[PDB]
Amino acid sequence: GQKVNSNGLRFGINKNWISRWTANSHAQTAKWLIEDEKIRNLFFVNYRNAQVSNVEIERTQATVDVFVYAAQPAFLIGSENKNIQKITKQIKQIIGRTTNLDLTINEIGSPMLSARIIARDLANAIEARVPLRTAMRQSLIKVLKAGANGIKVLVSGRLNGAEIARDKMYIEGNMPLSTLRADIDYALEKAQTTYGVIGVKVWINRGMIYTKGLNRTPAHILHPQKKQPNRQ
Amino acid sequence: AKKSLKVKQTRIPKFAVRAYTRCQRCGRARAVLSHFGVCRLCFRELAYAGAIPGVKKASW
Amino acid sequence: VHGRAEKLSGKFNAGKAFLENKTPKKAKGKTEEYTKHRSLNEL
Amino acid sequence: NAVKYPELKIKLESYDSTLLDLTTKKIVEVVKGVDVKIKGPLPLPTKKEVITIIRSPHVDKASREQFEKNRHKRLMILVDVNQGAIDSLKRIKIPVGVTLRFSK
Amino acid sequence: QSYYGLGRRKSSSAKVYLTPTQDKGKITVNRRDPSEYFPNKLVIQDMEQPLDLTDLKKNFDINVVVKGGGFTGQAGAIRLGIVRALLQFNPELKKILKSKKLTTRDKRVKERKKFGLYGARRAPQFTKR
Amino acid sequence: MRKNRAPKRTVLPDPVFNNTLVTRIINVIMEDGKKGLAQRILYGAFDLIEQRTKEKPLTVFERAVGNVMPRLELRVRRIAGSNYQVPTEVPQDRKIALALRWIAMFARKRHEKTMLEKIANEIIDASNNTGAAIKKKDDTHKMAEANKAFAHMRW
Amino acid sequence: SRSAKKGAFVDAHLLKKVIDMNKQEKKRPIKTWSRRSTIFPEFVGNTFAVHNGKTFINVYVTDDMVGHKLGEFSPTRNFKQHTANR
RNA sequence: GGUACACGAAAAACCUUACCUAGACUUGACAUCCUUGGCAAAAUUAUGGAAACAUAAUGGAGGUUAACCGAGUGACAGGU
RNA sequence: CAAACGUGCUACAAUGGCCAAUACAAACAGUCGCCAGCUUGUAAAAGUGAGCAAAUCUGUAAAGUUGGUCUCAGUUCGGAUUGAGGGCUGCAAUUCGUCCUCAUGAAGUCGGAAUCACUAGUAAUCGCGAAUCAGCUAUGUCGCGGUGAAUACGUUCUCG
RNA sequence: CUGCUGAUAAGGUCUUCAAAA
Ligand SMILES: [Mg+2]
Ligand SMILES: [Mg+2]
Ligand SMILES: [Mg+2]
Ligand SMILES: [Mg+2]
Ligand SMILES: [Mg+2]
Ligand SMILES: [Mg+2]
Ligand SMILES: [Mg+2]
Ligand SMILES: [Mg+2]
Ligand SMILES: [Mg+2]
Ligand SMILES: [Mg+2]
Ligand SMILES: [Mg+2]
Ligand SMILES: [Mg+2]
Ligand SMILES: [Mg+2]
Ligand SMILES: [Mg+2]
Ligand SMILES: [Mg+2]
Ligand SMILES: [Mg+2]
Ligand SMILES: [Mg+2]
Ligand SMILES: [Mg+2]
Ligand SMILES: [Zn+2]
Numbered sequence: 002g003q004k005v006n007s008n009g010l011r012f013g014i015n016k017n018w019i020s021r022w023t024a025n026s027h028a029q030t031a032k033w034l035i036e037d038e039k040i041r042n043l044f045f046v047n048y049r050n051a052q053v054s055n056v057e058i059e060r061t062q063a064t065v066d067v068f069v070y071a072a073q074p075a076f077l078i079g080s081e082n083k084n085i086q087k088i089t090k091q092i093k094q095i096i097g098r099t100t101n102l103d104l105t106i107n108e109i110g111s112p113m114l115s116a117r118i119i120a121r122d123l124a125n126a127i128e129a130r131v132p133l134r135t136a137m138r139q140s141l142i143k144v145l146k147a148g149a150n151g152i153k154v155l156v157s158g159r160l161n162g163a164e165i166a167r168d169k170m171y172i173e174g175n176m177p178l179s180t181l182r183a184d185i186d187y188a189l190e191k192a193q194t195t196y197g198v199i200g201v202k203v204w205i206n207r208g209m210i211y212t213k214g215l216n217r218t219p220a221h222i223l224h225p226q227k228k229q230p231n232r233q
Numbered sequence: 002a003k004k005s006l007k008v009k010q011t012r013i014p015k016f017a018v019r020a021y022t023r024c025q026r027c028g029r030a031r032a033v034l035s036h037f038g039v040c041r042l043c044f045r046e047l048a049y050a051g052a053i054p055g056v057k058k059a060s061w
Numbered sequence: 055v056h057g058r059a060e061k062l063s064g065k066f067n068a069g070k071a072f073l074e075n076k077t078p079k080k081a082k083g084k085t086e087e088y089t090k091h092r093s094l095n096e097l
Numbered sequence: 005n006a007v008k009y010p011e012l013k014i015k016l017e018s019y020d021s022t023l024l025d026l027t028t029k030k031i032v033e034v035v036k037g038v039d040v041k042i043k044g045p046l047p048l049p050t051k052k053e054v055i056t057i058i059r060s061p062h063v064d065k066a067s068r069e070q071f072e073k074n075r076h077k078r079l080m081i082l083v084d085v086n087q088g089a090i091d092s093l094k095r096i097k098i099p100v101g102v103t104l105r106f107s108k
Numbered sequence: 004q005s006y007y008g009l010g011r012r013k014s015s016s017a018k019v020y021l022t023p024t025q026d027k028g029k030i031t032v033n034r035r036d037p038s039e040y041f042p043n044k045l046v047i048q049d050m051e052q053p054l055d056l057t058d059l060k061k062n063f064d065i066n067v068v069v070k071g072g073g074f075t076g077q078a079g080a081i082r083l084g085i086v087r088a089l090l091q092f093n094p095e096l097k098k099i100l101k102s103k104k105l106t107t108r109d110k111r112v113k114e115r116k117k118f119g120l121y122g123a124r125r126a127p128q129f130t131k132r
Numbered sequence: 001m002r003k004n005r006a007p008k009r010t011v012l013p014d015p016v017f018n019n020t021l022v023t024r025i026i027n028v029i030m031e032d033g034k035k036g037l038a039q040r041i042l043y044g045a046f047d048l049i050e051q052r053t054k055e056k057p058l059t060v061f062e063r064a065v066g067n068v069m070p071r072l073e074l075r076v077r078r079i080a081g082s083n084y085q086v087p088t089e090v091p092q093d094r095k096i097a098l099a100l101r102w103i104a105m106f107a108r109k110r111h112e113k114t115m116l117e118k119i120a121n122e123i124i125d126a127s128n129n130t131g132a133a134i135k136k137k138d139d140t141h142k143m144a145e146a147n148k149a150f151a152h153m154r155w
Numbered sequence: 002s003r004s005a006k007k008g009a010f011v012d013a014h015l016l017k018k019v020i021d022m023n024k025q026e027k028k029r030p031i032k033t034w035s036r037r038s039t040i041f042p043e044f045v046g047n048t049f050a051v052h053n054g055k056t057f058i059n060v061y062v063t064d065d066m067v068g069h070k071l072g073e074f075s076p077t078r079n080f081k082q083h084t085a086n087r
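Line order of the protein sequences matches chains A, Y, C, P, F, X and E. Counting in UniProt numbering, the first sequence runs from 2 upward without gaps. Counting in UniProt numbering, the second sequence runs from 2 upward without gaps. Counting in UniProt numbering, the third sequence runs from 55 upward without gaps. Counting in UniProt numbering, the fourth sequence runs from 5 upward without gaps. Counting in UniProt numbering, the fifth sequence runs from 4 upward without gaps. Counting in UniProt numbering, the sixth sequence runs from 1 upward without gaps. Counting in UniProt numbering, the seventh sequence runs from 2 upward without gaps.
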């Protein structure tokens with residue numbers, strides 16, 4: 002049957018919030034809730050070739066701070082910091098010139114075990130007419146070789162352009178979805194194929210969190226150094 | 002007809018009671034949360050994505 | 055033997071006076087100020 | 005010596021609890037490192053808001069889930085602070101989730 | 004040498020003060036005659052149940068403070084408070100009180116209403132045709 | 001298909017006459033969860049019994065319930081057409097419960113004035129083996145005696 | 002129902018038209034959509050064409066119809082006879 | 001059918017509104033790409049008006065065009 | 001709108017109707033708001049006008065207890081429908097808002113074949129709050145507390 | 001421990017593929 006969202010079930014217990022701010026009134030709460038959505042959607046739908054794993058937003062009465070974790074931040078940086086100013090102006094237009102922007106790019110360590118970029122690669126391969134069995138097999142084998150626990154990939158839709166929708170699942174390793182202690186990262190993406198839309202959902206297991214607390218700690222960004230700038 | 006209705010909602014009317022609250026992300030008119038300015042079906046998505054700070058699932 | 059008339063005519067006089075006395079006093083609000091979230095007063 | 009601020013009533017509130025405890029710990033540590041008599045970091049009842057949302061897109065109003073948002077609240081009143089404590093308080097950098105309602 | 008007891012029931016606290024006296028117990032609830040505080044619907048015997056079978060000839064002066072609940076909940080709270088204060092005087096009553104189980108919190112509280120249900124456990128009418 | 005026997009809650013002794021049956025019949029005449037109202041009804045009826053019979057109300061009540069209290073129960077068991085009944089001996093607890101239930105049901109139907117007097121007169125009438133609960137007990141007893149043959153087969 | 006201090010209500014475009022057509026001798030039907038306007042004493046003697054929703058039904062006001070709403074003397078839906086289902 | 005019927009709809013007098021009648025509009029109420037200037041859009045007061053919209057007014061925050069205000073312009077926007 | 005079904009509210013009543021005095025909650029919400037007190041009014045409410053950005057101020061607890069009256073009747077039950085006078089919101093209340101007062105007083109006296117929910121603070125019952133909301137016969141939805149039961153011998157039968 | 005217990009319009013998806021990594 003239907004299952005609750007893996008991220009939503011674990012939020013507020015073993016996962017911190019992607020946007021951390023306290024608005025003044027109900028009128029401002031909607032504007033701030035929509036502007037952050039616009040910024041995140043921008044960073045995800047465009048500038049996709051940089052493998053942006055996640056973007057967090059942190060706002061005060063008047064100051065906006067953006068933390069963009071990316072696997073290949075060279076594409077965000079551009080040639081001698083060219084596209085950086087373009088995305089800065091895009092964000093400033095999105096929120097407002099009256100505020101102070103503190104954009105900060107962060108190179109994410111051990112990218113392979115991140116469901117967002119795994120799903121994005123899956124969707125890109127699907128859209129590029131790559132055969133599905135080979136695509137999922139190579140993604141699963143590279144994810145496992147990255148040194149993580151089980152990964153479950155569900156790819157549904159008009160499969161290979163067929164007129165009857167199917168679904169194909171590959172679980173390889175233990176994926177306890179009912180357990181709350183487990184560190185399960187879940188992402189979902191849409192491959193826009195010439196025959197319609199394909200939905201790819203990737204669950205990845207990254208061990209068990211044996212330290213009680215609302216995170217306040219990096220999650221698989223720490224194995225190598227996670228120090229990139231563009232801030233003040 | 003949805004784009005015209007969204008634009009008309011943003012535009013101020015000539016009477017005060019003419020004004021209604023639509024969702025800001027989507028354009029749904031009914032079942033809009035004035036605390037968040039977002040309809041129920043987009044509030045669920047934002048809460049499951051972690052966008053709204055402090056909105057955790059309730060156990061009572 | 056009034057046959058309605060007088061009372062409703064007085065009501066109509068009040069209504070016509072209101073219509074002729076309409077003033078564009080359009081507004082939207084009530085209490086003002088005291089809208090902030092405070093801080094360390096300089097951080 | 006001067007005071008210039010009698011009965012500084014700091015009020016803290018946040019959607020998160022543990023961050024609030026940590027911020028209160030840092031505040032009390034600094035204010036005891038300076039010569040100020042803290043009344044005490046007491047807690048106040050937490051205002052909990054519950055929103056009920058139908059899961060389904062179209063029908064089945066019976067199947068509906070719930071969400072909560074808690075505004076944890078703490079109180080802390082300082083008797084006499086003086087510049088010697090105010091200047092040190094200027095450099096606290098309270099995290100964004102915490103909210104101050106200083107009342108002087 | 005006074006004794007203090009704290010009972011609770013159905014979200015209704017009680018603070019019972021037992022004072023040694025030999026001029027009739029003169030039970031008193033929240034500075035008011037119990038016959039006037041309670042509906043006097045013989046619920047008085049409910050709170051006297053642990054103070055009847057053992058003794059009240061010891062003429063304990065009773066100082067009761069109750070804030071919350073209805074009246075049956077308040078009576079249960081002061082019963083538990085009287086028992087718990089009695090545990091501070093000649094603990095030999097502890098065995099006899101435990102025997103008939105007047106020294107355990109009742110633990111019964113009102114359940115929370117559930118969505119899709121007309122109450123804690125009631126369900127809507129079901130039609131098949 | 002349950003294979004579990006239900007627990008039993010305490011009956012509680014009555015705090016006036018120290019007779020559990022008084023509390024049981026209070027709970028039986030309970031309606032809308034009004035313990036005070038039920039207790040008032042019972043105690044007013046007992047005072048009217050004092051005023052009329054000039055005897056002990058608890059003794060009169062016991063004499064009424066013991067006389068109304070049945071012996072046999074007929075359990076419906078359908079096989080092919082209609083139902084053939086089965087006489088079975090009842091436990092004492094269910095015996096008392098049925099007696100009290102019949103007493104209350106036939107008390108809340110009599111033609112008289114306030115339910116106080118209604119139930120009081122019903123009790124005094126059942127104390128002398130002449131009443132409506134008496135007729136009910138007689139009917140079930142006669143039906144069981146008629147269908148004594150099928151007592152051997154129960155299920 | 003309607004408050005006292007507020008009084009009655011007319012759109013005042015109907016009122017201006019009524020005043021003009023009353024000062025003019027050769028009156029003709031006044032085509033109005035304002036069903037919310039109440040029939041003022043000065044309205045008496047004129048004939049109005051109220052928008053029932055589809056067409057303009059003609060109503061001749063009298064010294065008696067004074068007080069009610071202008072569209073109250075015209076309908077909006079019509080039902081006259083059912084048909085047997087079976 | 002169970003698994004629809006105080007369900008979508010956690011609010012239909014106007015709006016909502018997607019329906020009917022009628023009065024009006026056409027790269028359009030909204031958006032991008034291009035050749036091109038910004039020395040506006042609002043809001044409100046008059047007359048015609050059922051109101052849309054028209055003819056005249058204060059010609060407006062600003063920042064030299066940033067956003068937006070335009071002309072030309074065909075790809076097109078738009079569709080509950 | 002000739003009709004039919006589903007889900008609910010109100011009743012057919014002395015375990016009650018009306019009147020007076022009066023005790024005991026939890027949770028939640030609030031600066032175009034919550035509105036204390038006072039004056040006016042038979043009342044909805046109006047005016048004045050503090051307090052509260054809230055464990056501080058506001059949102060009357062009702063069933064329950066006592067007393068008075070009705071005395072088993074289509075009634076001091078029941079409130080539908082209907083006429084009139086007013087209040088509030090709103091440009092605007094006729095189609096199509098709700099509230100108050102006055103007046104009228106349908107059916108209905110426990111509901112056929114047949115069915116529903118429930119295993120303790122549960123059913124039953126009494127109030128309070130919030131969401132969407134200028135306003136709303138939401139009697140709906142989501143929550144909170146007060147009083148508070150009866151029964152389970154057993155799987156022969158019935159549905160899954 | 002043997003009551004009674006009858007019927008259900010027509011045509012239809014759904015495996016593309018291992019060549020291989
Ligand atoms: Mg659309
Ligand atoms: Mg509205
Ligand atoms: Mg209900
Ligand atoms: Mg049925
Ligand atoms: Mg409409
Ligand atoms: Mg200029
Ligand atoms: Mg220029
Ligand atoms: Mg009475
Ligand atoms: Mg106080
Ligand atoms: Mg008052
Ligand atoms: Mg009474
Ligand atoms: Mg009749
Ligand atoms: Mg009546
Ligand atoms: Mg009306
Ligand atoms: Mg009768
Ligand atoms: Mg069970
Ligand atoms: Mg047969
Ligand atoms: Mg045949
Ligand atoms: Zn939405």
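The hints are simulated quantities; they were obtained by calculation from the structure and are not laboratory data. Careful, some of the hints might be misleading.
Each computed BS3-like pair below joins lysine-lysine, with the alpha-carbon atoms no more than 27 Å apart [stated by the list, open to error]:
id : chain 1 : residue 1 : chain 2 : residue 2
1  : Y       : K58       : P       : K52
2  : P       : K29       : P       : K65
3  : F       : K60       : P       : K65
4  : P       : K65       : A       : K213
5  : F       : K60       : F       : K29
(message) Let me make sure I understand: some of the numbered hints might not hold for this structure. Which ones are they, in numerical order?
(response) 2, 3, 4
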